[PDB]
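Below you will find one chain, with nothing else, as structure tokens; this is the form deposited without the ligand, and questions on how it binds or moves follow later.
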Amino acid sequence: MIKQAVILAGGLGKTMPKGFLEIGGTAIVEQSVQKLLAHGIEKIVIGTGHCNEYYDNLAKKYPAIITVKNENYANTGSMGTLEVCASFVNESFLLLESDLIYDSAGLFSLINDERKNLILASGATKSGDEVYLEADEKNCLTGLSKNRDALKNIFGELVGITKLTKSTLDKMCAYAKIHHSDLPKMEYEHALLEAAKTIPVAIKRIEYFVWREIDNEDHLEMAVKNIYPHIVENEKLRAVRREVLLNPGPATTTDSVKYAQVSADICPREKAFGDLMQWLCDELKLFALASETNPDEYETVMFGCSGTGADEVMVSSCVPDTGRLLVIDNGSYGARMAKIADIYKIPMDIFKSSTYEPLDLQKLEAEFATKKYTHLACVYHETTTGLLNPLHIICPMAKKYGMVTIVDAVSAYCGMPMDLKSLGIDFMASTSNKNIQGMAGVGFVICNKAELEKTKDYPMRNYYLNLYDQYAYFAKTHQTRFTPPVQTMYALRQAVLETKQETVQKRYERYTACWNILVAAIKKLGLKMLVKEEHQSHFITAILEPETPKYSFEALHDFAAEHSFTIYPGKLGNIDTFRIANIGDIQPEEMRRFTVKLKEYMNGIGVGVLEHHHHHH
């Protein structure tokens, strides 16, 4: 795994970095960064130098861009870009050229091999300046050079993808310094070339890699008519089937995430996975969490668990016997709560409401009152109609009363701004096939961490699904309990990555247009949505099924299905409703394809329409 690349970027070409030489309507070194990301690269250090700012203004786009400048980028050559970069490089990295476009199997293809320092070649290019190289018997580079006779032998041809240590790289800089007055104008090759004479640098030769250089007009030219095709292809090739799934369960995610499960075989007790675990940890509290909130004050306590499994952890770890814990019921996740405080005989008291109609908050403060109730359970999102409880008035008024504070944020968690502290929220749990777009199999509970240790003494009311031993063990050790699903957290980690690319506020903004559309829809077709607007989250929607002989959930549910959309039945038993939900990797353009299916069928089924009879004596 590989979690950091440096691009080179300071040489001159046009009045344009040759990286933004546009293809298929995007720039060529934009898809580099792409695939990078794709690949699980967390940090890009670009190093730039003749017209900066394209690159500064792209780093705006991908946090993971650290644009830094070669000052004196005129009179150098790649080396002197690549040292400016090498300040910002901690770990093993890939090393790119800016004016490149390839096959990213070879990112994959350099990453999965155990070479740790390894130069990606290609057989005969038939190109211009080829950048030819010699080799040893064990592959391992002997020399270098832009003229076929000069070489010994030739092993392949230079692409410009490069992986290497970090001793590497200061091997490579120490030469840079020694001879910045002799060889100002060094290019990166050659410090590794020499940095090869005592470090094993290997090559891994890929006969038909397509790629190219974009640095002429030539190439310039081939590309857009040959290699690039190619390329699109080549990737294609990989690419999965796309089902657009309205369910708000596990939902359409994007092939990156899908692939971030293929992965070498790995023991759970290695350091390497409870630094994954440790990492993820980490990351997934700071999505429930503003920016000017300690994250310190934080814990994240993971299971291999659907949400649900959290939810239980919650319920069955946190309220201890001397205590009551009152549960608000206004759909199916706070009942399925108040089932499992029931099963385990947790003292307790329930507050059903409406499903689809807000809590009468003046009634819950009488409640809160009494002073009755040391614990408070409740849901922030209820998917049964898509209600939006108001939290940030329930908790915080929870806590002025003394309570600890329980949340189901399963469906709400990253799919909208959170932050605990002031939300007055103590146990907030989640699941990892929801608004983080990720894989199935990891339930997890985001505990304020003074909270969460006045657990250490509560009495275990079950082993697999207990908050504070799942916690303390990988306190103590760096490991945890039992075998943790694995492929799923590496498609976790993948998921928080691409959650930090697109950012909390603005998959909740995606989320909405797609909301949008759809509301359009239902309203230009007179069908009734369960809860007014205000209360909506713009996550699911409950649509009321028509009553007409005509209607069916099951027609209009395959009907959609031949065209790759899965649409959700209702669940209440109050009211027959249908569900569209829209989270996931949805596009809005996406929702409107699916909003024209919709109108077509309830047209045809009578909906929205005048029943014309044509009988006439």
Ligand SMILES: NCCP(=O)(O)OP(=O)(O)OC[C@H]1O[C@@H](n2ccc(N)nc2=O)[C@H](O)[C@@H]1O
Given for the second form:
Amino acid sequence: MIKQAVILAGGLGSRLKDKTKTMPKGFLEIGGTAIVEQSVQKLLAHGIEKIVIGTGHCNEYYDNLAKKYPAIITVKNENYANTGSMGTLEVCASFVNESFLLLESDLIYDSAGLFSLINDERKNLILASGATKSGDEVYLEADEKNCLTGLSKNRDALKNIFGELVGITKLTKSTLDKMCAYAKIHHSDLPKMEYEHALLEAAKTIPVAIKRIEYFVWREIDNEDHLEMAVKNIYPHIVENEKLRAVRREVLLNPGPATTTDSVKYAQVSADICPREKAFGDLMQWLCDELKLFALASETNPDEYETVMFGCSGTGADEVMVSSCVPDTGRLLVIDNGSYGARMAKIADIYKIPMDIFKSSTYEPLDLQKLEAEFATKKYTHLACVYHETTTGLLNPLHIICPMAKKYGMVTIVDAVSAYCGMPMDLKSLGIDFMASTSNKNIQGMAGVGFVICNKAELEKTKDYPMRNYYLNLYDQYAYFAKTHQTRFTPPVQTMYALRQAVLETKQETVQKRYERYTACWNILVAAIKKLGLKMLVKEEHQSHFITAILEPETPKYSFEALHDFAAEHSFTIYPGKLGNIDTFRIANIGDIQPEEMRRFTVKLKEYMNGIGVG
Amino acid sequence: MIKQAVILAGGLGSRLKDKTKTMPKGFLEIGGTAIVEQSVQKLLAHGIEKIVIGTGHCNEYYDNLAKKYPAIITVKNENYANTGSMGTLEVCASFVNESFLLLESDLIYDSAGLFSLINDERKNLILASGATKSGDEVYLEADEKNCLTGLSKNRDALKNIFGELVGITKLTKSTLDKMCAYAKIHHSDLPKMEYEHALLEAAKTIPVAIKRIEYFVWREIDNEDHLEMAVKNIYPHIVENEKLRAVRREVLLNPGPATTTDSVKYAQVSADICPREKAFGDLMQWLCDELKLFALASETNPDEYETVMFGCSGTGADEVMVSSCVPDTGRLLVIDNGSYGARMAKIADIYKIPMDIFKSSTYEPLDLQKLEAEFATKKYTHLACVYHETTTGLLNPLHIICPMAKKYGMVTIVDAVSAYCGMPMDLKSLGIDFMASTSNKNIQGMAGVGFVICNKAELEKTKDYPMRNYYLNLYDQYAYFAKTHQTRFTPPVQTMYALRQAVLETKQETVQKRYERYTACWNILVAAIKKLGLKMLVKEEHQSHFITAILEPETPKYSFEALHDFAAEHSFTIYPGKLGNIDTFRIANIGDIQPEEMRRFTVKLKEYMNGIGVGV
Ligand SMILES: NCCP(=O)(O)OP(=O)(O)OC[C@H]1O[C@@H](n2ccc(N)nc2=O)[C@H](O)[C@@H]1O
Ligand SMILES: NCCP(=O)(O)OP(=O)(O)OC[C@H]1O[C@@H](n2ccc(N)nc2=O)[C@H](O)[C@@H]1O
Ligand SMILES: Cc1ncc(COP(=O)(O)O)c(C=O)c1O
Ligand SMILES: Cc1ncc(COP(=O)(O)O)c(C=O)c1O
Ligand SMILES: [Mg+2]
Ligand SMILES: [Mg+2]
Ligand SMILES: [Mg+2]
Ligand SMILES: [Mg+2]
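Show the same protein again, this time as the form solved in complex with the ligand rather than the form deposited without the ligand.
Let us now look at the entire complex, which starts with that chain.
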């Protein structure tokens, strides 16, 4: 997979005259957005994790772009006025360390050119098109292996015309080295070298193939004629082509699997791979390194924590923790104030772990005096509890409970399955030793990877615990990968590709802003609940903001099924209540849901409720 | 998703003169394949499981087509000479029970059209294109909501030209009902009604939207002019469009995950769905009902068997069996003649199940005499064993071992992780009570679903047993789905969509033909092994044909790393040996690997082996 890209954007764009006197031409806007920002989104959407933008003229526009996209690094060609495009690539190259995509800044293009270059086996590969009749075409001459032998804007300087250079090229680091060595040795005589020229030179000794997509839909914008072609013809075509790959968007109001981006969905599609290959071990290592960061404050040293990934669900991860972190020499206290706390107590009981339960209401907060009293008996070495009790939307105050458990010398075992990545978390100041979550809740990937983020020292303390199971044993799963850079058994390979994409998108959003978008959706729902006269099971002060239990209207005209089927006709999936003794329904707002989508849902809810005489 | 399609294929193709005298025009060939078989392939590749073809003219071409694609059912309009296309749709209608794609038979098209209709939220939807300059165009007139209000081959008879009808339309069953009711009402006065006519009438009371894809690449073939645009321009363009979506193909010579079809890859891409929804409960039910049939002979009663699916790996599925099927009141005998037999023994011991181990060589066949003497001690209520020991490619003779165990009163627990779907199996005659496998080995899906196919009577016996774990407990996982039509926990939804496609493609290939394909590759590999002077660790007669353990060459110039890195440069992934005291490398041939591709590998293997002095 290609993880890096370079956008060459130091040019003056002089041929656009007034348009570029104050502005790089990448920041021309078609359809409401800078063309280069669209390219940045297309690159990240295909799993590019680092975008090196070589800046020069009006570099401020790009520095300000980088503020919106953490994947961008800007590097200025201070001499941009007196070099060509090769000089800008030269200041970028020290930032490139593997194979990469190389893009011009004045392009619009069908993103299927990204996919097609990434998925071609040839390592050095120019994307080319058929005839465009656009002006300023760079023509490629190719040999019988379709490899580059000449290039020129004068079609008569060439021995054949294979296609036109699009400006999107896949290259190895070694090919870049060769280009930068030829550019450097010609700093005096060829000061305005264009990157194409150095690539042609490099192609003499390293084969550089050309992939000719006859009908590839693209346009470069050097001047006003190009812009006319872009605005009137090429852009609406690109829009249509990219919408052909759009996936049916169902808005899920259940707490996960939730609505996903289509870039997370398509991240599941990749070359087949043997998961014991080094490259896949490096991907699993990167997933471990990056997952645990979403649970730590930036000032907490990451090396104090480990991630342990398993092929299993959230319940699986909870069972890993209960069944691997509490020796028979200790005693566990489980907080049961919901289905997931009750589940952990039943797991501990199945395993015959010494254990008492602290039972409390599913919708009103825990008594912390009574809880501290149970810590104070010194009977408990370990505590297992849930952060967000998805049963009702109750948020347990683990910023209070778990540091208190630590003050009593206890190890903390935390189900954060529906909390992690939806709100900021710092395991260190939260006093949390082991934390479980999954790949398909608030991180917004696909189901199938459960994981435990561990205080490394407390993880180590379990090295000599008797195993209670095999597939779900925390220490062995951790120890084997530390030793072999392989995971013990076959993992959900494609789901792990999806998880990496969801990790990149969580870094792009940041957890803080995801929390704000979740809470904005929640704010809309609660206001509409109040207007309709509906009642909330949990008091707002005590809620997670990620799911809201709503009491069922008393009128016999209501049923869950009728509201559910109506909402489903409008592409909204709602969720039943989970309590035997109290009738509720639940509306969650996680995943890719947008505030306007929750607004549209409340409109439909009001339609339905009004139709049965509620509100 | 959309599970059903209909092809109207009854007409004469008269405008094609001699080419259709003896043949339906759907069987015109471009690129070596009948255009209508090309359409069937793209339908099947997008998850369609039933393709109803309405026949008439020379219906025998379509009946022979149906022999090659089991998803096809042909139904002949006997009166095709005296109806139009709606009459053929009429005789197909009772075979359609859901929303469906409706297709003309003379089409070539970008398959993106299937994907785009399936993923559009509007339930009744005509695919349209911009102007084609093709002749015989069917023009569509649309209202301000892009819904159909008129159509004609005569441009001037319409108040507006919204686009051209491609001939691929998504409809509900209720829209089909309406169309058929209107056609029967007009049997007398409109006996040659075209299906377009009836759809326009339905659109007067049911909104039928039009999805206009301006640059959509397609062509219908009614005459020689159409055929020329198809051959010279449209078909090469579709080929290019479809190859832009191709995923890089690595040939995996490791035993799973292995090379997959791109249709299985893209089956993971779907509408987000809450797994407790009835629709997804129905999918998991379908998967259970279909997975167990690849482990049974047709003469075996599928009602005697259940499937229990989990979100775990093959080791997880083995652990499900070991930890849920043997109570402390019994005693388990584990056969250990390989890594996965040993693994089941290690799991057994961690749970403290009463057990002995029957150890044997990892590359000599087990002594059936010694094993029977162990069974005859009457000390064991349960046997656990491995069908295919992918450690070495050693295939245990379970068609002897497990019925013997049954004759001795034993319950049988079988890891068939690397055996199931690569060779015909019948659990009834094999005497197997519990059989595990996964979604990413010989069934050729994506990893994440581990499952246990159970003798129903024996599965129900385990209700009495104390739970030893929770996530991996067989009975509780079975019973919950039986009671609720939901799985206990969140499953790997998208992996299950891919498993469904892999199931559909196994049904298309058949397990017998897949065994032949695998064995075909294995033969090629074995013949090249011998030509090079390489030695196999397991005797041919005791091998599975699915993975071959090869002795590493003695020369210091050999290394697994060099051979692996050279192979990988040519898009082949090989696998290291697994054995403590014998140096081997392994070459598997499961997954979508083709024989020509195994031949290409042996050519590169000879290049490497000759390079270091092996093989003359
Ligand atoms: N294949 C090129 C057709 P064109 O001649 O229009 O090249 P450009 O003038 O559009 O420059 C190509 C890219 O190269 C960039 N560039 C140009 C000059 C320079 N000194 N540095 C650059 O990065 C520039 O910003 C732009 O994105
Ligand atoms: N949008 C269609 C306009 P066109 O005039 O090409 O219609 P065709 O003659 O090509 O037929 C359309 C389809 O309808 C089928 N058909 C036609 C006549 C008939 N009695 N039964 C059919 O199924 C036929 O085999 C063919 O595949
Ligand atoms: C708090 C909590 N814990 C555990 C789980 C179990 O997750 P899974 O269904 O993936 O087992 C969930 C499910 O919603 C959850 O919300
Ligand atoms: C016979 C056998 N049993 C068990 C396994 C373990 O399966 P998994 O890697 O999915 O855990 C394998 C996988 O190679 C196998 O071949
Ligand atoms: Mg130019
Ligand atoms: Mg340019
Ligand atoms: Mg026609
Ligand atoms: Mg036709």
